[PDB]
Each structure stands twice: as structure tokens, then as C-alpha cells.
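Missing here: one protein chain of the complex. Every other protein chain is in place.
Letters A, B and C name the chains as they come in the text, with residue numbers starting at 1 for each one.
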Amino acid sequence: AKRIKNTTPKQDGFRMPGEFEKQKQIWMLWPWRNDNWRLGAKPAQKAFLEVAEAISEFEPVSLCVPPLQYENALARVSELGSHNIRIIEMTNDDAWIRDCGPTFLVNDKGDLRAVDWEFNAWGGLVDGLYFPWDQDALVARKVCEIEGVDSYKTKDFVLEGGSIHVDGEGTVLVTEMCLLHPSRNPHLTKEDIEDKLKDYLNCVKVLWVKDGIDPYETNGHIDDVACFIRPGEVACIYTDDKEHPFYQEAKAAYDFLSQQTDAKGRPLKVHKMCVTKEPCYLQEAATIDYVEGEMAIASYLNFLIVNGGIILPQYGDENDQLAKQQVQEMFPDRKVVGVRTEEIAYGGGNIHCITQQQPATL
Amino acid sequence: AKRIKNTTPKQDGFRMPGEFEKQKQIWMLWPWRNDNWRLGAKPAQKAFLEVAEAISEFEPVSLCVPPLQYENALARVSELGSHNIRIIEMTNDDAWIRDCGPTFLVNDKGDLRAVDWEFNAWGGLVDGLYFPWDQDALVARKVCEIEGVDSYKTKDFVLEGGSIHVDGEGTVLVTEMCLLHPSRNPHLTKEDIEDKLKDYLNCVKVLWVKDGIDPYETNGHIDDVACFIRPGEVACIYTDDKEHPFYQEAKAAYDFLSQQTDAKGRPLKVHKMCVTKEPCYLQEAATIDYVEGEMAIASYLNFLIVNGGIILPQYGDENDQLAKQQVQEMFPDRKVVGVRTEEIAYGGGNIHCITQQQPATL
Amino acid sequence: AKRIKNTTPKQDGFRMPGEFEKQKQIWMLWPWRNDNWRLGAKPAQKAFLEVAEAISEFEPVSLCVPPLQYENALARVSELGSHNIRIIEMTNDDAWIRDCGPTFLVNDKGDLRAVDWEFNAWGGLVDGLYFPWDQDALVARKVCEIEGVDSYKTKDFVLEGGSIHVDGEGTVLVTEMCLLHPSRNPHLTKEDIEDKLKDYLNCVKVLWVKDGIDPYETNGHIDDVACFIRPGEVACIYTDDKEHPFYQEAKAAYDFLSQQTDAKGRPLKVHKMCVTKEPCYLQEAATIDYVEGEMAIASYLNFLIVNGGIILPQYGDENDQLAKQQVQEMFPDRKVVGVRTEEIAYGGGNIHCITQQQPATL
Partner (left out) sequence: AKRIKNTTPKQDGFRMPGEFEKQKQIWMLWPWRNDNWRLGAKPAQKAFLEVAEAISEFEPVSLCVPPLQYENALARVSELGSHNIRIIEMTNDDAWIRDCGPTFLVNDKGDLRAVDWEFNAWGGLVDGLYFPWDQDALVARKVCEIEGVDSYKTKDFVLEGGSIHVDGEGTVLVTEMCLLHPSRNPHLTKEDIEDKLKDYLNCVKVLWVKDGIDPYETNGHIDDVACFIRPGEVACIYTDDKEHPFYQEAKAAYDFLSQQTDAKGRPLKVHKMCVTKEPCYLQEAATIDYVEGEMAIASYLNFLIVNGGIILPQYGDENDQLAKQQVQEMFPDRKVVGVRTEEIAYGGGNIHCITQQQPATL
């Protein structure tokens, strides 16, 4: 479990494989802080428990929980039959393995590497969500240790997992409203940043969507608006309601996507996901310590692509059952499962934002 | 802040003054563990916040909270105007300052001493409520440190504050169903135990009530059935409902009390407190991690006696307003205040079990 | 990673395989508390680092360190080339994986099980070394979790790994001066205890050595006086110096061993290990916080038996090089390595007391 430091994945012959490709398991943290999760985080925990139990039927889950809520998580995972879910002890300031976590790589020859980015809590001292983010910056290194996989460290380059989507071949989907944000690499030019993404992902081309539905939190991550459902085909939220908060950004994205081609050349067969018709109304906001009824993001594009299955969010919206239908179209040969991950949407992020899959090898 | 060790309070000329006597302030901890408090303890916290804000108008409060929920408690106490309530950092396994806390003393000459007992979580490895109780056994010593008050250490003698009630002069009210319990000094005889209580409290006489309404938790503490409302006059729960769970123990106590005299000789003018007509039905028991609707104790005798005021529990029972009336009779020249401390009654103990007053001096 | 609970290893067809048998890796904790280790434990740490680096050349090491000294241990293990040593995050009250750790099992068909005993810090509230031992009682369960191996829980049966030595077939070496100690199963008869050892180890016979060289610490563990070097052949300390502190216990053991046969019937070809000629003189005892020059145990019998190698202690004694020679005789076809594990001998226990090997499978 060492650290390669004199070369880049591109030279070393590694590449972040498509989320859809075959994978050994999934990694996910455990919510605890009252600063962000209501009611001692008990609800969110149960919400995490389910989203975990869901991956169960498709592959194993690596649930990492802080030492203080360990005995608990283990008593609840055994309470659910306890199949292929393992509880490993791991500290974190907040449960967002998608961002702070490791972004694995592969050389297509069996070896499994990884790229550990710098994490500053989505912004840092300039615009970060919370302050002490040092334990999260450890999560990526720690998880590569108990897995026996070397890693590349992008020094001074702060990037979070759920801000980039990739397809098997040299192409990635970033959101300039975030990667260019001043609280994220303001010493690097849009040119420099592309080069990095090309060296640590092995993407000969970077598609720049241009506004996000995460104005001031994640700073407009792309794992909320679109993604790659297959090398060439992609997903994307789309509504016609000209009075819906995500209308323009979504359409602006759709127009960009549909008019965009990838590396190998094929056009992007853009798909259509739906958006809620009623935003999640935060309740019991009083139990959220400070250092109600306010709207919180709830996107169906926040789904995880395991092998032979899909874990989709079900907020209990009107256009809910439609989401499960739409996703079904995209991945016909994949059982789709849905969970009430609405309770975690009150924390700013969904199913995708709380998982991280590890590509299988041999 | 040293430790006297070669003499006892009796010889040193000190005595635990009556709870009613003049006092400088009140000490209380902060609930946090999910093992005992539902919903991340958020509810219980608010319940503690109030019971705290209540003492506010009578004297200052010393709210000690673990380092992890400090910023929070301070943001909520300032949110309530922030008058004479100070938040000091202090770790604890559970919020029960009444038991683990220090039992102050006085020489009636200005000096303030204290007696630190051994705490084993109400029983210990034999019948304790929880296991790691080492941080609580620190609370008493820690609080005597930041107050500049020496202390006496009763080595190998495990006693908890809320298991004994005292009146100004040589007399204390203990409950043999607890002090004699095998999980509490099974190497000491009922004779030995009395001697200790006489040396560290300066009580020339010990009244032995004989069963409690705390069968298997606190093991029948006396701070649930009765207490001293004035040197000579006492309180005591009493119901005629021969089908009420506390009926016999309460009556058995009343008969004992009324037939009992104190040290100075005067008879005990026994009073009458009421009991709920409906036991607190524990709800949302699922959010209580394990290593619903079950009844939980709810006694009105669990009131704190500050100077010029009374803090009484209000569970929202039928015989509730009656309790406030009854207590009013006892302490006419004392403003009585009541708070919904029902949420903490779900943790096994009330207002009294969560406070600890420090007698003023000069 | 579940828990079998209605049957015992004997019925389930599992058995603790000989320490010498083939093994996948070795588990070991990380010293930190100033209550026991001098100079902030920095020395002991380096001593652990080496003993770890030593196993390196024979098999992989699983170094589990508390979250507070994690970054450190990883910076030091990479500083040593970083080969097959992985640092996993794990909390513990003290580094003694040998005792609190899991005692693996095998069905000789590929499956890997385990038996988790109760740990009370060698005695408990009656004679334990330290008080809070709850985090250590977690170590065994935690390590079985990140390894995907079920376990058996011996409820109310407190036993520590390094108090029993086993040989492939139905036989184990226990030390009655410990297993019978009142601070360890005083509700179980010597008959009952044997039955347990027979059900969770699959040993049809238990050899009872009868005094140990650990009078009041570990309470006379057997992993200090003797062990099984091969099914039938054993090791054992032996000196002729009638003025040496371990003289009689050692000889008393030798006489017992040599006159004892195992399960299958073969006689025990007793061997001879040497003892130091100069006891380790504890220095700088002042840096050891309390809640100098005193002697501390230093036994050469405290060696770990990895596959194709031996890790032996080298205190810098006169009969030191002799120890390496003696052990060499016993395991001719095994490279013997020695490390200055004298610094950890100041903590009460050696190389063996700080490791725990996991038998390989397929």
C-alpha cells in the first residue's frame, strides 16, 4: 500500500474505468454530526442502512464508521441478516465517501491503482461547508491501505469524486461552475486543470457543462445534472416547467450535451431523467445544532451504478415512479431498486454522493 | 484543590447541609449517548436546556458538557438570552451529576469541603446500567478542582448522591433496598455502612426506608420516594389506588416515615405528594441503539430545592397540576416552576437525578 | 462476518491449528498509553516497528493503530520501504493482540472461523492491570469483521490468547495458576473450564502446568514458560541456577512436561530454552504517569512461530546468543531472526504477547 510519485496514471497505463463496468464492492461512510444531520443523525443513519442493504443483493458493501458509532452500525447490519456487508472502523468529519474517497484506477491487466485528490470540504476556508476536514482527507489514504492498492497524490490539486463523470475511453464530464470556482484551484488555469484531469483519469477530452443545480453548496457538481450511462450514451435531467428551479440549468445542459461528441467520435445519445415536482421541505430543523421548511436539492440523477443493479433515490415525489421507469429504459438488463434516500437529501447530496465503488480485477 | 485523607468530615467539623439551605449555584451535565437517549439525545438535550434555564431565575447554573457537544450547548444557552449560566467543558459517560457528582460539605465557618464517593454506574460489573463509567468517576474530582474545594475520598465505598437525603442535623434518609444491594458494598455490613454515612455526612442517625420504586435500575434510590422539606418535615409519595404500581412501596414508606423520629427528637411531619395516573409511554424506541411503549418511572418527588424556588417535573399527567399545588403548600415562601422533564424520564431519572447544588459560603 | 451461536467449534468441525502450521499473516496492535509505556511510548513503538518489520520477510503484517497515532505509524512503515505491512485503523486500551485478539479456527476444508473470548484486562475489577478495557474487548470482533470470518462468543468465559498453547491434535497447554485464578471464572470449576477449552479448541486433553513466572501481572500465563514446537515436541525454560527467580517454577514445569503425554499418545519430547542471567532493569520510570530500576520479566520463550521463520527476543543478556542457538535447534528448517524487544518487556510481555497470527486457507 505505497504511493507512486514520479509518474502519472497516463504514463503508468491506468484509467478510471466507467462507473458501470464490473466492480468488486462499494464503499460508504456513516453520518454522525449534529451540525448537519437532524435528530442526532439517527434518521439519516437508517437511510444509510437501507441504501447499504440495497447494494447487498448485487455486491459486497464496505461500511466505514467512526469508532463511536461502530458497535451500533454492526448491531444494525447483523439485525438485517448480515450478508456481505462488512463494518470497518474509520473516522470522518462527514459521510461523503464519493468526494473525499479514493478514485480507483486500472491497467486492464489485473493491477488496481488509485488517485487521491486534495479535499478541502468543497471550498475550504474560502467556501467550505464545515471547518475541520482533516479526518476526511485521511479517508482516501486509509481505504487504499486496507485494500492493498498504491495511489497517486495530486498535490495542491483539490478535486472531489462526485464532480466528475467518466466513460471507459478518454473522456470525462466536469462542471466549470465548480472546478473553476475560486475556492478550488485558483492558481490553476482552465488549461492546467484539463491537463491534470487528462493525466490522472486518462481522458484525452474534457466536456465542460456549464452551470449546476448546486449554486452555493457543492458549487455545482456534475453528479447531480448528468453522467455516462454507457460509453457514448449519457443521462441528464430535463423538465419543461419554465417555473421549476432547475429548468434553465437542466435545459442549458441538455443543449450542451446533445451538441457534444466524445473522444472516440460517436455523438452523445442524450437521455432524459425527470426532476421532482415538489422540493423536499426540511422539517424538525431545530434539532440541527448551529456553530426550517427550507428547500433541499432532490435529484434522481443521484443514482449508483453497481454491476447488475441500480440504486435510485425515492423522495416520495409525484414524478417518482416515473424516475424508476426512466432509469429502467437506460439500463434494461439491470435490476433497479429504489430507497427513501430523502432523509439524506436534507444533508445536501444523495445516494451517489455517499458511495464509492471499487472496480473488480482478477 | 487538594484531598484530605487522614480524617473524616465528622472530626474535621463539616456536614452536608440541607438541600434547602442557601446555595451558590447548581451543577448539571449534558446527555449525549444514543445507548440511552432517543433521537440522538436531541430531545433530552432541549429538556435539559429548559430545566437549566429554569434555575436561571433563582441562581447561577454550571452546565458541564462533553467537548463534542460544547459549541452546541453554548449556542443554545446564548440563544436563551444567556444570563447566569456558564458552560464548562467536561466529559461524562452519562448526564447524572446527582450521583457521580461531588457531595459538598461545610464547617459553618465559611470553608467549603466535599466527599467524593466511588461510582460504579449503579451496580458495576454486577448490575451497572452501562460499562465504561470511568469518565463519570472523574466528574466529582474535576468539579471540585475548578471550584477550589478539597475533598474526602471514600475508598472502596460506592455510593451515589441521589440515594441519600439529609436534614441540617445528624440525620439522613437512605433506602436499604439499594445501599445493601449486593452490587454496592457487599463487603460492608449494614452496621459498617451506617458508620460511613455518619462520618462523611455527620448524621448521628440513619432512617432506613425499606423498598423503592426503582426495582432494577437505580436499585431503589430514595430520591424518588421521599426527602426532607425542612428539618423535621419531609415529603413522600402517596396514592390510594390499590392497583397503582407504586401503591404498596409508597404506603409502606409513608407508614415507616410517619412512625419515625429524627436525631434532635422531633417527630416527622410527613407530607403527601401525588403520583402520575398514567405512566410515561416510551415512544420512538427504535432510535435507541442497542449493544417500545414500555413504561418508564415518572415521580413528582424528583424536584430540586434551590433557594427561593422549586423546579418540579411536569410529565403532562392527570395529577400534574395537583403536584404543583402540593409542592406549593410545602414551600409557600418559594416560587415553584415546572418543566416538561418527561423526555428525560425516558432515561431513568428526573430533574433531581440530573442536578447537584453547591451550598453558598462567604 | 456473522456470529455462530447455537453450536460449538467441536460440533461444527473446527480446531485451533498449531501456531507453527501455515499462516496467511500476523496481527499486532500499537502501544500508546503513558500509564504503562515510558517516554510517551515512543521507544516501545520503535520496538514494535522492528518486531513488525521482522515478520515482513516471512509473511504480511496487519498493524492496527489507534486513530491518533495512525498518520505516524504509516509514515514510519513507509519509511522502512513499506513491503507487505498494512496499517488498519483500530482503537485499543493497550497493545496486546495476543490476549484480547481473536483465536482463529479452521475446518480443514478452507473455511476460517474464530472464537472470541471475554477480556477483562487480566483479572478485571478484581485484579486487572488497568480499568477501561472495553475498547480491547472490541478488538477481537473488529478484526474478524475486516477479514470476513464468523466467530463464536464464549459468554461469561474470560480467557486470554496467550494463556493457552495448542498442538494440531486434541491437546492444549494451560496454566492452572491463571485459568483458576479467582479473577477469572470463579463460577466455573476446573472441570467446567476444561470442557470449554475442549469445545472451542477441540482438545480432547488438557495438560495443567502448575505455576507460572507471572506471579501477579498476567497471573502466570503459559506463553512464558513453555509451548508446542511440533505436535508432540515442546519447549520449556530451564536453568540450574538455584538462586534464579524462575528456577523452581521452570524446573517444576520441566518435570511436569517430561512426565506428560498428549492426546494421540506420544510422549512429550521436552526441549530446553535458557533464561536471562540479568533481569531487565527498568530505567527512566519517572516518565510513566501514575493514576525505578525494578525488575521486569524477560523470557526467551516469548517467540512467535511464523511459517518459515522465527521472531525471537534479544534483551542484550549474557545467555542471549545461546537462546538464538537453542531455538535454531528446535526449528532447523526455519530462519531465526532476533529483535531488541527488551523495550516492550518493560510493559509486561514480549513478542508473543503482542502478536496474533491468522492461519492461511485456500
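Quick note on the criterion: a contact is a pair of C-beta atoms (placed from the backbone, for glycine too) under 8 Å apart; a residue touches a chain by one contact, two chains touch by 3 or more.
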Of C:34, C:248, C:261 or C:321, which residue touches the hidden chain?
C:34
Touching the hidden chain, out of B:90, B:304, B:311 or B:327, is B:90
Options B:57, B:108, B:145 or B:294, residue touching the unrepresented chain:
B:145
Among B:3, B:266, B:269 or B:335, which one touches the chain that has been omitted from the display?
B:3
So one chain is hidden, and I want to know which residue out of C:21, C:50 or C:71 touches that hidden chain in the complete assembly.
C:71
Going by the touch rule given at the top, which residues of chain A touch the chain that is not shown?
124-125, 131-132, 134
Considering the whole complex, not just the chains shown, which residues of chain B touch the missing one?
1-3, 67, 70-71, 74, 78, 82, 86-91, 138, 141-142, 145-146, 148
List the chain C residues touching the unshown chain?
34, 38-43, 46, 69, 71-72, 75-76, 287, 289-291
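To be clear about the criterion, only the chains that are shown with their structure count from here on.
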Between chain A and chain C, what's the gap in Å when you average each chain's C-alpha atoms?
44
Suppose each chain is reduced to the average of its Cα coordinates; what separation in Å results between chain B and chain C?
46
